[PDB]
Amino acid sequence: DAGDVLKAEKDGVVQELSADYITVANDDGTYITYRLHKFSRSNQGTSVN
Amino acid sequence: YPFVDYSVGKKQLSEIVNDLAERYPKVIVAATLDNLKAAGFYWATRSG
Amino acid sequence: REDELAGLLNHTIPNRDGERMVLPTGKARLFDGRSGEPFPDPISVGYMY
Amino acid sequence: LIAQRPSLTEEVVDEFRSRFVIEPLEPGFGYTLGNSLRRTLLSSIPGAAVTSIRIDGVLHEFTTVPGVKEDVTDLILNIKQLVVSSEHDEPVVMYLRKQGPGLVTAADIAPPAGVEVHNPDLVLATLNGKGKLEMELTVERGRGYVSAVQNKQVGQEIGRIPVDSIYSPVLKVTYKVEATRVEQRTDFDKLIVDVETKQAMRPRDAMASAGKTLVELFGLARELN
Amino acid sequence: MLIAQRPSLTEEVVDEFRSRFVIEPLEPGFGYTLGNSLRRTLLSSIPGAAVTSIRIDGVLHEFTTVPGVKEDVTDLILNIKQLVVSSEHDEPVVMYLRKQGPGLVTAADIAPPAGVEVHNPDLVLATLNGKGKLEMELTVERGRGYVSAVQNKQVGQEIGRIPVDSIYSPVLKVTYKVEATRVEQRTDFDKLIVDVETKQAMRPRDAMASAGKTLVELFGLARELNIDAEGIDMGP
Amino acid sequence: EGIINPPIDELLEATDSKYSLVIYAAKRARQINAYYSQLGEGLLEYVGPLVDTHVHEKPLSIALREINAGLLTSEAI
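Chains as they are written, first to last, in the authors' numbering: chain A, 640 to 688; chain B, 676 to 723; chain C, 983 to 1031; chain D, 2 to 226; chain E, 1 to 236; chain F, 9 to 85.
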């Protein structure tokens, strides 16, 4: 509920996967790709990964 | 210093330290405090 | 409840040598890293977060 | 007045775990010997470990390579567990090359003649259908732990990534001093030292190295005349 | 591997029978690795000889008092304990104390047999008053370390044989500590200080040499498993 | 050894109180430092140290050592 965990939008099967992204083939017939934050910077100077 | 021969809580230790400060020079008092600190830590580790 | 913990401390899985290292009182017998002699009395041990 | 002298015998629990029985010692003396041996075994047994890596298309630790499921920083932690053994005094180089989908198991590493990798079932990374891993590893010798800032050379390239080194063939050591009251008309002890190494050498070699290290110090003690 | 900095041992002498040895610069750790072992082997791994039991004439195991002697039985036993002796026969050997008349009875009045010697004849044993008589038998034998009073071996063997504690080890007191020594290069290198206090017979240097020999043999026992094993070589 | 020596009681036995000892030692230390600084010149001014010193020893320590040894005097102007 905090919102820091990536969550799928519609049920499907993971079509392709890599440390930078995840492409999922939705059951309704569409494809959706999620991009992951890698070594960003938060307001306090920590690392978001 | 005369032999103590009785259980030393924190009041007795305060009395002894006050007597040492009252009757002895400062270098001897500092050395005695260091000795007491070292022995206290050593026997507190093995206290159980 | 503490009753359940006290009951469970007697029924863990024994290690490879078939011995439960922590006694039913929750205290374990430790050795001394430097001197090598065992400590006189058992000491509490467990996992903290 | 007691003429019997100590003696040491071995028992094999499994491939890489041994139990050494020393007896009959003087009373109150087993714990000190056991702890001395344990400290020496856990401190000063030489080995080898990877001390640097460089990947084809990487500049630093805080980045990711295409076609792999893991970051470089999360792959350094996987290669820090490699159990390698080397016979060369100078640094040696190994190459890891993998193409196509699957798992980059530690067995895929092709080492030169002289060095060996002893856990060939370790999982380093996972590759998809558009990923190729080409990486170069450096192996040296030593003992203890080196914190990757000692591994930083003067002429470091931008592409060279130093790594923490853990040279320690020993995994877990313990001891038990049975007050067996060995029947000698008096009190005596029986020390039992249990040693488990991490599949790089066998416990007999570790015990021999510990004994060789410990005999020298008491050798310089006895020369006092 | 190579040690890269060879530790050395140095001695200081405080009294005729007190010494302070310093071993430095030891690697990180290695101050407790060979400190407690040194103390233990010095205190309980060196042969010696001592008294085991006495039989004072005219006094049973009751310690009410010794007629004709100012000191009580506990004082007599404690005085006997401080006696330092050397022996050669494995079996226990008995010697006789025959002092008589008013005055001071010391260790110089004993008549040891062949093979046993007393290294402090000037020790005071007791005082005699009122023309009393002191007849004693002292049994001495060899051993290692400190063994408490061996209890009654046979109840009906005799009446007056009082067993006593035996201090066989020449070394009486030992202590040790470790400190940081190195300044130029990276610090935390260990320095070990060992304080030794022995009795009148042996010197601290001989005790240190014997301890070193014993420990070297004990650990060569383990080294023999595989002689061709790489350790920490030292050079010279 | 160090800041602890010489013992404060021995020093106070040679003066009236702490407040005068501070000034006395500080003035002697300034004299010693001034002597050292202008040693390159051939000069007859300031004197000391009056005890055996080290390669580079703080002048205040030397001043306290001389005060304890009893090689100085204090007057009131």
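One or more of the hints may lead you astray.
Capping the alpha-carbon separation at 30 Å, the derived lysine-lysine pairs in BS3-like fashion look like this [what the hints assert, rightly or not]:
| no. | chain 1 | residue 1 | chain 2 | residue 2 |
| --- | --- | --- | --- | --- |
| 1 | D | 191 | E | 213 |
| 2 | E | 81 | E | 70 |
| 3 | B | 701 | E | 177 |
| 4 | E | 81 | E | 133 |
| 5 | E | 173 | E | 199 |
| 6 | D | 133 | A | 677 |
| 7 | F | 66 | B | 686 |
| 8 | B | 701 | F | 35 |
| 9 | F | 35 | F | 66 |
| 10 | D | 153 | D | 177 |
| 11 | D | 191 | E | 70 |
| 12 | C | 1009 | D | 177 |
| 13 | E | 81 | E | 153 |
| 14 | E | 70 | E | 131 |
| 15 | C | 1009 | D | 191 |
| 16 | A | 646 | D | 173 |
| 17 | B | 701 | C | 1009 |
| 18 | D | 173 | C | 1009 |
| 19 | E | 99 | E | 70 |
| 20 | B | 712 | B | 685 |
| 21 | D | 173 | D | 99 |
| 22 | E | 133 | B | 685 |
| 23 | D | 81 | D | 191 |
| 24 | A | 646 | D | 153 |
| 25 | D | 131 | A | 649 |
| 26 | D | 131 | D | 99 |
| 27 | A | 677 | D | 199 |
| 28 | D | 191 | E | 153 |
| 29 | D | 177 | E | 173 |
| 30 | E | 191 | D | 173 |
| 31 | A | 677 | D | 153 |
Just so you know, the hints here were simulated from the structure itself, not pulled from any lab data.
Against the structure, the hints come out as follows:
1. 191(D) x 213(E): Satisfied, since the Cα-Cα distance of roughly 21 Å is no more than 30 Å.
2. 81(E) x 70(E): Holds: residue 81(E) and residue 70(E) sit about 18 Å apart, inside 30 Å.
3. 701(B) x 177(E): holds, 26 Å
4. 81(E) x 133(E): holds, 21 Å
5. 173(E) x 199(E): Status holds; Cα separation ~9 Å.
6. 133(D) x 677(A): holds, 20 Å
7. 66(F) x 686(B): violated, 43 Å
8. 701(B) x 35(F): holds, 25 Å
9. 35(F) x 66(F): holds, 14 Å
10. 153(D) x 177(D): violated, 42 Å
11. 191(D) x 70(E): violated, 48 Å
12. 1009(C) x 177(D): Cα-Cα ~19 Å, so holds.
13. 81(E) x 153(E): It holds: about 20 Å lies between the C-alpha atoms, which stays within 30 Å.
14. 70(E) x 131(E): Roughly 12 Å separates the two Cα atoms, so the pair holds.
15. 1009(C) x 191(D): holds, 26 Å
16. 646(A) x 173(D): Roughly 42 Å between the alpha carbons, so the hint for residue 646(A) and residue 173(D) is violated.
17. 701(B) x 1009(C): Violated: residue 701(B) and residue 1009(C) sit about 44 Å apart, past 30 Å.
18. 173(D) x 1009(C): Measuring from Cα to Cα gives roughly 22 Å; hence the hint holds.
19. 99(E) x 70(E): Distance of about 15 Å is within 30 Å: holds.
20. 712(B) x 685(B): Given that 30 Å is the threshold and the Cα spacing comes to 13 Å, the pair holds.
21. 173(D) x 99(D): violated, 34 Å
22. 133(E) x 685(B): violated, 53 Å
23. 81(D) x 191(D): violated, 39 Å
24. 646(A) x 153(D): Given pair residue 646(A), residue 153(D) is violated - Cα atoms ~41 Å apart, limit 30 Å.
25. 131(D) x 649(A): Holds, at roughly 26 Å.
26. 131(D) x 99(D): holds, 11 Å
27. 677(A) x 199(D): violated, 35 Å
28. 191(D) x 153(E): holds, 26 Å
29. 177(D) x 173(E): Between residue 177(D) and residue 173(E) the Cα gap is close to 28 Å, so the pair holds against 30 Å.
30. 191(E) x 173(D): holds, 28 Å
31. 677(A) x 153(D): Distance ~26 Å between residue 677(A) and residue 153(D) Cα, so the pair holds.
Hint compliance for this structure: hints 7, 10, 11, 16, 17, 21, 22, 23, 24, 27 are not met, and every other hint is.
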